[PDB]
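Listed next as structure tokens is one chain, alone, in the form deposited in one PDB entry.
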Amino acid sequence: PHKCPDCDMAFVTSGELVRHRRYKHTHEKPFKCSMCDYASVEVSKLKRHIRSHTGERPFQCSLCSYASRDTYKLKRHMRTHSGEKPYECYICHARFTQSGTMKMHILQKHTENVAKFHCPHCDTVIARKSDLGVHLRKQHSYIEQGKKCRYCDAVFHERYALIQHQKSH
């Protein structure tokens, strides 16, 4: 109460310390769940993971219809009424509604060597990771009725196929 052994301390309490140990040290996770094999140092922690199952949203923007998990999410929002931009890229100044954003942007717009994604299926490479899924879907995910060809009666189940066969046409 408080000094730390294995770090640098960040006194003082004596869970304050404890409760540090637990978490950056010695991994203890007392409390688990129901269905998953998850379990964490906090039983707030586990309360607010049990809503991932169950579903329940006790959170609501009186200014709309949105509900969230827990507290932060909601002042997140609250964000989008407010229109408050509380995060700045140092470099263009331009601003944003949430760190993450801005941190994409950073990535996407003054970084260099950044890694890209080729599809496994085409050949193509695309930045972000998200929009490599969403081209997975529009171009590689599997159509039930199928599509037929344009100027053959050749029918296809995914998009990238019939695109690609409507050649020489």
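Numbering follows the first chain given and starts at 1. What changes on going to the form deposited in another entry:
Comparing the chain between these two forms, the hinge between the two rigid parts falls at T111, out of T71, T111, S40, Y87.
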Given for the second form:
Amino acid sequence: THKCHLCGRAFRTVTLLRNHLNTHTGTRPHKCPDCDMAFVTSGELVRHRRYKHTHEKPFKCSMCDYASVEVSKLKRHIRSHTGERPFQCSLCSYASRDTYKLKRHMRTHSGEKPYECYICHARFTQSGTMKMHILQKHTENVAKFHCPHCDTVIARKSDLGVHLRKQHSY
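So the form deposited in one PDB entry is up there; where is the form deposited in another entry?
A single chain, with no partners or molecules, comes next.
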């Protein structure tokens, strides 16, 4: 009906094509009055003000005081209350509570390592791992833990925990 002169994508109304072309290029007309961001549509600008400026969180959790801006988050929050596991893995028996978390799990079966350190060019599976690598291996005078019993230095908190559970038996 209304195709895109850049890709084969098609839409039914003109406003959709107008927004689709406003994504191929940076032409975000809905500008935020309280910060320096902009968006192609209004709905994208609405929530940006409710995330950062007005903190308007409509979706409430009936079990706790949690509140989310989008319903997608609450549906995910409530899963940890009921233990749901809707997203099943196709290659193993792991199930998730968030479609993107399942995408991260697949890096176990594929061996993919997208993130690499910008200093030593060492690669990792998760963006948090890399951030830790830079802290422990490329930062100067980093604070380190200390066992108050045996007087041994440990750099990571988790290592101190397992030190107490193994050597000192909690």
